[PDB]
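Generate the whole structure from the sequences, applying the supplied hints.
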Amino acid sequence: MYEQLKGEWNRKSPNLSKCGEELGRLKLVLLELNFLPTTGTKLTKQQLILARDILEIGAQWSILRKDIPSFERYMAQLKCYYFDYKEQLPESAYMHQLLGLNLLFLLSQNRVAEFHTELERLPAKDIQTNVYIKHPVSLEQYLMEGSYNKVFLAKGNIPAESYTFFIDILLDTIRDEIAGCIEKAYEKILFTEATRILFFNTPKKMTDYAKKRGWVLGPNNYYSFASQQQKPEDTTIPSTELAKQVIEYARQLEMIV
Amino acid sequence: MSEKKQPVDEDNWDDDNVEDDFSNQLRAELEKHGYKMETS
Amino acid sequence: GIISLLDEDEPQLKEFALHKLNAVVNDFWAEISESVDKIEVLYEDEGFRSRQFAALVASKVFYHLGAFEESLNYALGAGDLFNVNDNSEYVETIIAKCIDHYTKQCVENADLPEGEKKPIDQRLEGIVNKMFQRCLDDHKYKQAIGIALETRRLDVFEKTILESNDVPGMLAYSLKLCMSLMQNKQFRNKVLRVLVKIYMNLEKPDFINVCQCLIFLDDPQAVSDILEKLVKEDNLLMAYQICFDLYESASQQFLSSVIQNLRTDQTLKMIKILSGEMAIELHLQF
Amino acid sequence: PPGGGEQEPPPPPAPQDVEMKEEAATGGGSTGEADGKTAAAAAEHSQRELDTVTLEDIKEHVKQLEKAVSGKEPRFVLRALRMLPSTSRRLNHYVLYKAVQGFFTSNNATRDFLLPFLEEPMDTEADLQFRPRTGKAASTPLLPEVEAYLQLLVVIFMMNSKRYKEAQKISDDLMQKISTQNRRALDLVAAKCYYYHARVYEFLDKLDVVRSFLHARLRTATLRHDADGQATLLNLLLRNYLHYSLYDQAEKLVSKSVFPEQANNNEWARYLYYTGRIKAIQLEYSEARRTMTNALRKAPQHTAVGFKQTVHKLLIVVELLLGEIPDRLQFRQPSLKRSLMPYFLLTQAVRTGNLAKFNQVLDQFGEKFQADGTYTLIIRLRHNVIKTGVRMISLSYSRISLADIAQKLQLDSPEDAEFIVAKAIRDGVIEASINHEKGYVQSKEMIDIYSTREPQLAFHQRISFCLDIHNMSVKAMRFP
Amino acid sequence: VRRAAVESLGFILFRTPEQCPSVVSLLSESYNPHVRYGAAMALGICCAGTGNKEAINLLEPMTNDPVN
Amino acid sequence: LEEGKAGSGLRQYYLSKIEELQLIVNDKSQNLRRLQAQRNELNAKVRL
Amino acid sequence: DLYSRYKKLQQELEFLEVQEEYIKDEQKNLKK
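Chains as they are written, first to last, in the authors' numbering: chain A, 1 to 257; chain B, 1 to 9, 40 to 70; chain C, 7 to 270, 320 to 341; chain D, 18 to 497; chain E, 614 to 681; chain F, 11 to 58; chain G, 39 to 70.
It is possible that part of the hints are untrue.
As the list claims (entries may be wrong) - The calculated BS3-like cross-link candidates involving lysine-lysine, where the alpha carbons are at most 30 Å apart (straight line), are:
no.	chain 1	residue 1	chain 2	residue 2
1	C	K148	F	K15
2	D	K440	A	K150
3	C	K103	F	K27
4	G	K69	C	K148
5	D	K425	C	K66
6	B	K66	D	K269
7	A	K244	G	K70
8	F	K55	G	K62
It is worth saying that the hints were derived from the structure and are not from the lab.
Quick look at the structure:
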């Protein structure tokens, strides 16, 4: 009961037992009564103040340990607490970077249709202030037109916390797509084109895409084969179904009088 | 029939067909269109 | 957002997650439409604490999708937690299809009496006598007797006529039903002979009963018994009238069969009028 | 009083005559088709509904003193019509009170005694079999009850008198409407109440309680069967969730109730407006702009109404999200003069390669964008600012070098111009291909099998549509 | 055999005589006289002794037929 | 409510059921007399 | 009351389907 609101928050959290205490803290609050009606009564909103705060620090410890199904689990319940119908609910100072964690995660796993419909609930914070939210929507604008390099040159500027566990996934799902463009019929280049297009004068990334992808270095020459299919055709294939369609023509001329 | 979504709503007589195609590209049509010939 | 609570693997979070399921199932319809496999999961455990409730809220969400048999099959797995709730527009619509599925089942089962029938749930008659409990509260038993004719089950037809005492004439009205809109003749005699069982449990015999039943059931010993009863309590008024009605209505070889059961006064009186000679010459006289 | 008081005798008596015979002929003819020919869709139900939208809202707003509409409340305060003598005696009450109100002044309700003059209409031996008469002649005084527009303490009288009607509406749904099926009237009754009940819950707290009711209301509709019931209640349920600026659209994506299947040319046109906006916000631009086109060309039959100018408002944006734009201001109005100037000058800057003007007129006309509810153009149309030219070039040229498209798109760099062309072909903007061997960007092939293989895949729909016209003609032919 | 079809209508429908003028309304207006003949007897045996005036309305062109 | 609880329980089952049974009988009669007059045209052709 | 109304609407519905089937045959027959 009232279990360590700032117990191991500030300095370090190498805990696994306080994770079970946080697990018991979930068994405390969500077994008190409920959170569903929320009519009035600031006194029964007082545990709703703490239920937000324990899921915020639960989302803090989730990205501290990189659990992917858990991070969407805590954030959905946090978003359900900003889905409160009677929101008196004073502004927790962690909200803008917490949504920025959600805005960056849901950008990273290719929910781009879910990205822009998420942006409806933000009235004017995108323009006036709020660089926690302004940075991923400036990031998505950089993905719009043609500008790959402005993403990677704004890599060395995050005003928030480190964001590294998302942007490692976010750039990896960029790299394989450009790799997916170069694994087409674009036959052969050298390492300096993999330096220009992909990035990175020599790390072991050339070892990374030698084993993941193909790209064997020959006599100072890479190799990527033809991914073009044969396109088997007959073009008299619909001869059955076109013979079907004309049957229900006369079937709908006769027989229904 | 009100549908509850209403509430707001040669001078230029056939202008927009001309204007969507050509806007303001030196319309005297002589100073460059007829005057390429100093280059050759 | 409470599907996130369904992801975690402890039981005391499940029962507060499913308590919030049916609370907002009427307003958050299609959110559960993707978590269907999670519930039909949670359902298949035999160690889960509220698996019959999972059949309720699955029946709620297939009711939104229009999958009516899926709500039906999970109402079968719902246990008593479904039918303990009775005042809703939800509950009356999927017991409507349950009666509809059951009454077309027994018409199919009436075609094959020799085994090979279907295994049948028993809450579908637990709502029949519950509807009879409503009819106990109603005084109007004309509605529970309607399904009782349709369900092809006759002991509940006997239980509803050996009910709390309100007329024998209601049963007579039901008997009309057997003259107007009764279609089959195979179980018609069974309905028509279970009426004369309670008539012999009743204190007064009628006219239109044996004028309908026993000429459609050709039992000559049965009218020879019940008229011997009418002789026995010294009632030669209505025994005299039913012989003239039997001589007008019934056919040859049945009057010959019953007059054998006569000898098996007032006896010679009913010799002469079941031969029916005197009715002819007075009709000849007019 | 010598000026206007002498012009007080002309306004009552002909609206005391011909506006009175409106519902007298409507209430008589609706009863005539409710009794015999119980399929009563083809009557003056439709034209009175077109009148109750148009005519009787502007025929009267106030109760029209010297007893034209002021008399309607003491006229219909005494309505039994119960048995044949109770009909014929009320037919005498249709004679006597209309003679008194045509002559003298009857019981004038002073705008707040209208609800006790809605009690004895519901009271005084009123019937359940005359459920069109109760449903229509209670909802039709609610429009003078709402369009008085004073909006003070009548708003709760709005709230009471609708739930008076809706308690009768739900009880009619529970008490088994034999062969009339008032749902054909009760759909737009459920609309006209909930247009202003949505206003009331904009003047007070939120209208999710309406949606919890309307979910149960959509449940009892079409589980019975649909007779315009699923069509009306769905656009009502969709509008609040679109009106709320919360997330609210993936709720509509999973809304699998997409079959109203007929809408009498009026619900379907606005239904395609709402779902066209929905498919536009999840960035599917191709299917959105063609069903927005279908919504604009389906029901425009008005006189400068505004929502036609609103479906024309959103249609030009998604076409600027795919490049093409037609003539827009060729149907200019006294009110379209306000709303042509931002959007015509918007696509003026889009077609040219100017972005400083594009950012200037965003700053100039952003507050007009606030009134239209279209902030999101600045974040998603700056994509097509660079993509309009590459759509224009690849349609003009046939086999272009990437070294020349850099100056033509004035990008001043051939190395990233590969990636803009790569993104457009990734998005399917142009179907062309790239030769990454010496710098060629060639277009598609010639006109294909279009003359041979395609056209039957257009012909199959036109067979099926036209014989269904022949089928819907023949089936609905002979009423006598 | 076509007559004994349309003659057997009154044997199966005499209990409810109201349906019989509705169903033999166009059976009396075929092209062969044999169907029209058994149509006429079907009015005679479905409705036994009623003052119907609907079947009598049907029988008035039936007694004014070209065929004897 | 002796009758009121049961008018929604054991009568609302019947009267909601006979509603659509009333609609189709209403529907086919419009369909039948249409078929009647279409047959009366073709018989008027062949007999003439 | 209500059970007799439900049986008669069952009967009349299956009745005029049969007389609908008769006119389907005759209009098909008069074409030949």
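Hint check:
| no. | hint | result |
| --- | --- | --- |
| 1 | C/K148 / F/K15 | holds (15 Å) |
| 2 | D/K440 / A/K150 | holds (16 Å) |
| 3 | C/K103 / F/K27 | holds (11 Å) |
| 4 | G/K69 / C/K148 | violated (52 Å) |
| 5 | D/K425 / C/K66 | violated (61 Å) |
| 6 | B/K66 / D/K269 | violated (60 Å) |
| 7 | A/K244 / G/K70 | holds (27 Å) |
| 8 | F/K55 / G/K62 | holds (17 Å) |
The structure is inconsistent with the numbered hints 4, 5 and 6, although it conforms to all the rest.
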